Amino acid sequence: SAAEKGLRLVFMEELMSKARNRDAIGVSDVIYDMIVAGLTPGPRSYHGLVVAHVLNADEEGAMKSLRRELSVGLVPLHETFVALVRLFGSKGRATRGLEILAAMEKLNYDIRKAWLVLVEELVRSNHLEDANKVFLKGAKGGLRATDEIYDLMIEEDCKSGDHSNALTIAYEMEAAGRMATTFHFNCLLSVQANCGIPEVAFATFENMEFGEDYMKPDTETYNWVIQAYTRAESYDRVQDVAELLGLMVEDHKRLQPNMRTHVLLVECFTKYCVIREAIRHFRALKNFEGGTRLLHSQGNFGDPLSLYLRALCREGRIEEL
Amino acid sequence: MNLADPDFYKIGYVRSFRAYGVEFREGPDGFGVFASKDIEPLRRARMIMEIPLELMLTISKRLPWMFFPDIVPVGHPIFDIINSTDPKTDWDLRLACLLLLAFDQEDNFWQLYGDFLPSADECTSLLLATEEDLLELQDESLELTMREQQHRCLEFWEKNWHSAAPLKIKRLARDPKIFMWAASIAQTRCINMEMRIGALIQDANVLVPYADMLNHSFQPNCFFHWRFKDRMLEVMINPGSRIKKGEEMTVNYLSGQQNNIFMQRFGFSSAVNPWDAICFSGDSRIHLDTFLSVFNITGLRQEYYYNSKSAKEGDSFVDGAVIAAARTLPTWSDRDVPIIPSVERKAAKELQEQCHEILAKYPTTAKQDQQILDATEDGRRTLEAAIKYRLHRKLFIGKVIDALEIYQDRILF
Amino acid sequence: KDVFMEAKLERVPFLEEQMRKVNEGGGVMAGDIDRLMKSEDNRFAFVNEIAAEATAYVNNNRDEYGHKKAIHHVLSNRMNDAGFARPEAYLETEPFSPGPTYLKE
Amino acid sequence: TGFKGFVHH
Amino acid sequence: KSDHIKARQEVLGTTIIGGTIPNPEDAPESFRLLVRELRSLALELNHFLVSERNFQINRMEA
Amino acid sequence: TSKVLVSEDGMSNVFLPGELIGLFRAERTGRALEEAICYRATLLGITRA
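Protein chains in written order, with the deposited numbering: chain Z, 63 to 383; chain D, 78 to 490; chain L, 63 to 167; chain S, 1310 to 1318; chain Y, 1009 to 1070; chain V, 1213 to 1261.
Extracted from the complex, chain Z is given alone in its bound form:
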């Protein structure tokens, strides 16, 4: 009775200590202590050995550490499956995580927490392709996700240039109640601006200008659409830049220009000969601590700083040069 459980906690306190030092057979002998005296190791004790190997980054050692769980017949703990999926996602196991996901699909356990940590862990390593596949498969059915995950993958996919994966997640996010705000649109506009075709980012912008309260355009949003129009490969594009400035000017008590807005306007107004319009804007840039280094950027994009210096000379404006 009390003595039996009083003796049980004696090994129990040191049983997890065999996982404190990350022992492989030391924890086994502790289980062997009670297997000899007839003390069925409660699944929490059974799980402690699984933690011992998973803290050593033992891929198949942990699998063997769990392979005996079904052989004995004890149903593993919720923490048991949670611990393994964290390791497999951390190392990059693509199909191994789904193997556990089937187990809770048979043991009357929800996979939401396990699939959430599995998805998040896969992004914590550079397994970007794996992260999209796991999230999309689980969220295709009924699986609500925390808003933190939605922000992470939309930004992360757009960071590496995965608009196809990012757009699908955004469409999937809006299916489950959550409404896309200006932050999500800003992430999408990062890659749509660098796509050559201007009217793929404008369609996104018109979805925000005439949108609801939360999805209203931000100062970063106008920068992306301005950038997408000034580096088109063909056709006149200076008039559409005039509209965007006019809309930004009219909506001014909520939107204020920043360094990049003046930088892009200097570049756009100098490529086509609207030099006057540039000199004006240049001034604004002048009072920014970034200087013309960002306006120059690298030698790419036609070297806009070279344009401003050259075009000022060849037109007549020399004092401002």
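Derived by calculation from the structure, the hints in this document are not laboratory data.
Be aware that one or more of the hints could be misleading.
[Stated by the list, open to error] The calculated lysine to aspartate or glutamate pairs, modelled on EDC-like cross-linking and capped at a C-alpha distance of 20 Å, are: (1) S:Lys-1313 with L:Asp-103; (2) Z:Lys-67 with D:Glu-482; (3) D:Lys-471 with D:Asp-451; (4) D:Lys-247 with D:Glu-232; (5) L:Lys-63 with D:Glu-421; (6) D:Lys-87 with L:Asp-103; (7) Z:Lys-175 with D:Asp-366; (8) D:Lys-254 with D:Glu-199; (9) L:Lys-63 with D:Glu-183; (10) D:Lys-423 with Z:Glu-76; (11) L:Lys-83 with L:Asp-94; (12) Z:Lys-202 with Z:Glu-161; (13) Z:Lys-175 with D:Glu-199; (14) Z:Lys-175 with Z:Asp-95.
[Unchecked claim] Stretch by stretch, here's where chain V covers chain Z in the computed footprint (C-beta under 8 Å, at least three residues): (15) 265-279; (16) 298-307; (17) 331-339.
[To be verified] Quick list of the computed label-pair ranges, beta carbon to beta carbon: (18) Z:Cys-335 with V:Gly-1242: 12 to 22 Å; (19) L:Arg-105 with Z:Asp-365: 20 to 30 Å; (20) Z:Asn-320 with D:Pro-141: 38 to 48 Å; (21) D:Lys-444 with L:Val-65: 55 to 65 Å; (22) L:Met-67 with D:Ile-278: 36 to 46 Å; (23) Z:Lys-315 with V:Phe-1236: 48 to 58 Å; (24) S:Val-1316 with Y:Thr-1022: 18 to 28 Å; (25) D:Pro-297 with L:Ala-92: 31 to 41 Å; (26) D:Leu-80 with L:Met-67: 12 to 22 Å; (27) D:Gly-359 with Z:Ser-226: 46 to 56 Å; (28) L:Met-81 with D:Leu-80: 23 to 33 Å; (29) D:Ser-161 with Z:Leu-198: 53 to 63 Å; (30) L:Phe-108 with D:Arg-362: 49 to 59 Å; (31) Z:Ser-226 with D:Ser-161: 32 to 42 Å.
C-beta: ideal position from N, C-alpha, C; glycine also.
Using the hints, position chains D, L, S, Y and V against chain Z.
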């Protein structure tokens, strides 16, 4: 559990109100909505309690005040009372004025529906209690708030009923105890919703006859929906939910906010209160992924589940108290993938024993003890209700202690 | 107190013949479609959802439709989950027909 | 009905 | 029910037997004839299907 | 009546004179640019519009 009088269904039924598989009861309580026959699981929702817009009050929630079932006439000297009311603080005052107006205007629906409403001798709201009855409550913050809230309505009674009182404005509240009845009714039976009337989406505090009779339970099975075209409020049975042949159908009042100090303010008292707990402190921390693991409680604080497919009926010891005290406590998690240290000196035992010391069997004041429960004296409909609140808080604390010691006992299987 | 309790509630008799001509004229379906559309915001989305559900119905159990008019099937399914008996697929019978075809006026 | 198009999750 | 060479036959097939009628992809032969006699005047008419998820041009053949 | 006509002596570099840009097209950029925009008006007919 006897059904209501035939006049209850009518008077409103004649004004296009249809109830399909329900029948309100009459037994002494809130009238109550209990079903008949069986519905079996469905796909999306089953509509019930077709309630039109004409049988409402629906004052707007923001300036300007508008009432779509127009009650106030043009130039009536009661819109000045409402337009002089402080917004965003006391929505139950102008609502009380509308309710009082819908008692002496014409043969309005609320002139007849007033009888079925609880009277002054009835009702449980603390705005109708007395000084020593409010004192009979193991709480001082709630006592202070309710003593202030019994005022701020005496004050907004002499500012508009002071010896000048045009007979239109008079004869609505000749004394400051029926205005308290209207204020309590407004507090108890108001619901804030979104109403798309035409091209206007607005938020409004509304009063719904035949729908306030839906009792409360924190495990609900009823939605409130507003049909945009024909302007009708409807209760909806939840998808995939079996319904028995007379059991309670409930719609929650408050969710995501509780603490039993605002729900109790809005009527009766908490019973299971799945969102309230007492701050512990006093110790370092307890583990997180073992309190919800011994009872197989699902995580994700906003949505906590028990997974009835747990074991061979492991226990009958899950309640709102368990699901509440499973997320309002120290709950150290650290890296969330630890060795699960079974250090009962630190991760268990004494620490929760310290909680047992922190909850030293009601150590704060202990104004009373086990003797209070079931004193067997019912009266005034507001006394024995503060006693009920004390009973339920004591029961919550006791069951929290019991669950904690069950958890600390069962960490090894 | 208000003396109109039954004067406005007396049952109108002779309604049995004004219960049938609704049923062969398609009146029940017409009066059910609007009640299904009483809560929808955009009717085009409702129509597209109905069409997609009917397409799924045709795909899953192909070898039944051609008579049942799966659009009628999905409409009856949606109307049958809130009471409103609405026999399956709104199918019409000929209770008194020792012959192959009605003249149809 | 050709405005947006259906998705169905 | 008009110009489609390949779609009249398939609706006949899926209507003799029974299936879900699939929405067509290629333009009717009227547009093909249009592009044909706008080619005879030394003029182009090219369709494109710029994707919303990859920005990859999907120029149709006509 | 929704489109203006860029009147003569309004060359600049964005709007060539004789152009028929929209009303918003002109009034949004006039609030931003500073050249001679110099449009006047067009009540285009049902055929010309």
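Quick rundown of the hints versus the structure:
The straight-line distance between the Cα atoms of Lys-1313 of chain S and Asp-103 of chain L is roughly 14 Å, inside the 20 Å bound, and the hint therefore holds. With a CA separation close to 15 Å, the supplied pair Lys-67 of chain Z and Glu-482 of chain D stays within the 20 Å bound. About 13 Å separates the Cα atoms of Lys-471 of chain D and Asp-451 of chain D, which keeps this hinted pair within 20 Å; it holds. A distance of roughly 16 Å separates the Cα atoms of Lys-247 of chain D and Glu-232 of chain D; the hinted pair therefore holds under the 20 Å criterion.
At roughly 72 Å between alpha-carbon atoms, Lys-63 of chain L and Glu-421 of chain D are farther apart than 20 Å, so this suggested pair is violated. Annotation: proposed proximity of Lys-87 of chain D to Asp-103 of chain L is violated, straight-line Cα distance about 32 Å (limit 20 Å). Among the hinted pairs, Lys-175 of chain Z with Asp-366 of chain D is consistent with the structure: their alpha-carbon atoms are about 12 Å apart, no more than 20 Å. With a C-alpha separation of about 13 Å, the suggested pairing of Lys-254 of chain D with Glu-199 of chain D holds against the 20 Å cut-off.
Between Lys-63 of chain L and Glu-183 of chain D the alpha-carbon distance is near 13 Å, which keeps this suggested pair within the 20 Å criterion. The suggested pairing of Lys-423 of chain D with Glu-76 of chain Z holds, with an alpha-carbon distance near 13 Å, which does not exceed 20 Å. Among the hinted pairs, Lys-83 of chain L with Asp-94 of chain L is consistent with the structure: their alpha-carbon atoms are about 16 Å apart, no more than 20 Å. A threshold of 20 Å between alpha carbons decides the hint, and for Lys-202 of chain Z with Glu-161 of chain Z the separation of about 18 Å falls inside it, so the pair holds.
For the suggested pair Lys-175 of chain Z and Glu-199 of chain D, the alpha carbons sit about 48 Å apart, so the restraint of at most 20 Å is broken. With a C-alpha separation of about 34 Å, the suggested pairing of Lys-175 of chain Z with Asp-95 of chain Z is violated against the 20 Å cut-off. Evaluation of the coverage hint for the stretch 265-279 of chain Z: breached, as 0 residues show C-beta separations to chain V shorter than 8 Å, against a requirement of three. For the stretch 298-307 of chain Z, the stated coverage by chain V is satisfied: 5 residues place a CB nearer than 8 Å to a CB of that chain, which reaches the threshold of 3.
Note: the stretch 331-339 of chain Z has 5 residues with beta-carbon separation from chain V under 8 Å; the three-residue rule is met and the coverage holds. Remark: the range hint 12 to 22 Å for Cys-335 of chain Z to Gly-1242 of chain V is upheld by a beta-carbon distance near 20 Å. Distance hint check: the CB atoms of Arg-105 of chain L and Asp-365 of chain Z are about 56 Å apart, inconsistent with the given range 20 to 30 Å. Here the CB-CB span from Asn-320 of chain Z to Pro-141 of chain D is close to 39 Å, well matched to the stated 38 to 48 Å.
Checked against the hint of 55 to 65 Å, the C-beta distance between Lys-444 of chain D and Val-65 of chain L comes to roughly 56 Å, which is consistent with it. Checked against the hint of 36 to 46 Å, the pair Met-67 of chain L and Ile-278 of chain D passes, with Cβ atoms roughly 38 Å apart. Remark: the range hint 48 to 58 Å for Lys-315 of chain Z to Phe-1236 of chain V is contradicted by a beta-carbon distance near 20 Å. The hinted range of 18 to 28 Å is satisfied by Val-1316 of chain S and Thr-1022 of chain Y, whose Cβ atoms lie roughly 24 Å apart.
Separated by about 36 Å at the C-beta atoms, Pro-297 of chain D and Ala-92 of chain L satisfy the suggested range of 31 to 41 Å. Between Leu-80 of chain D and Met-67 of chain L the beta carbons are some 18 Å apart, a value that agrees with the proposed interval 12 to 22 Å. Distance hint for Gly-359 of chain D and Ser-226 of chain Z: a CB-CB separation of about 54 Å, consistent with the stated range 46 to 56 Å. At roughly 29 Å, the beta-carbon separation of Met-81 of chain L and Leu-80 of chain D lies within the given 23 to 33 Å, and the hint holds.
Distance hint check: the CB atoms of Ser-161 of chain D and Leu-198 of chain Z are about 57 Å apart, consistent with the given range 53 to 63 Å. A C-beta distance of roughly 54 Å is found between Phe-108 of chain L and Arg-362 of chain D, which places it inside the suggested range of 49 to 59 Å. A hinted range of 32 to 42 Å is violated for the C-beta pair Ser-226 of chain Z and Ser-161 of chain D, which are about 59 Å apart.
Checked against the numbered hints given earlier, this structure breaks hints 5, 6, 13, 14, 15, 19, 23, 31; the rest are met.
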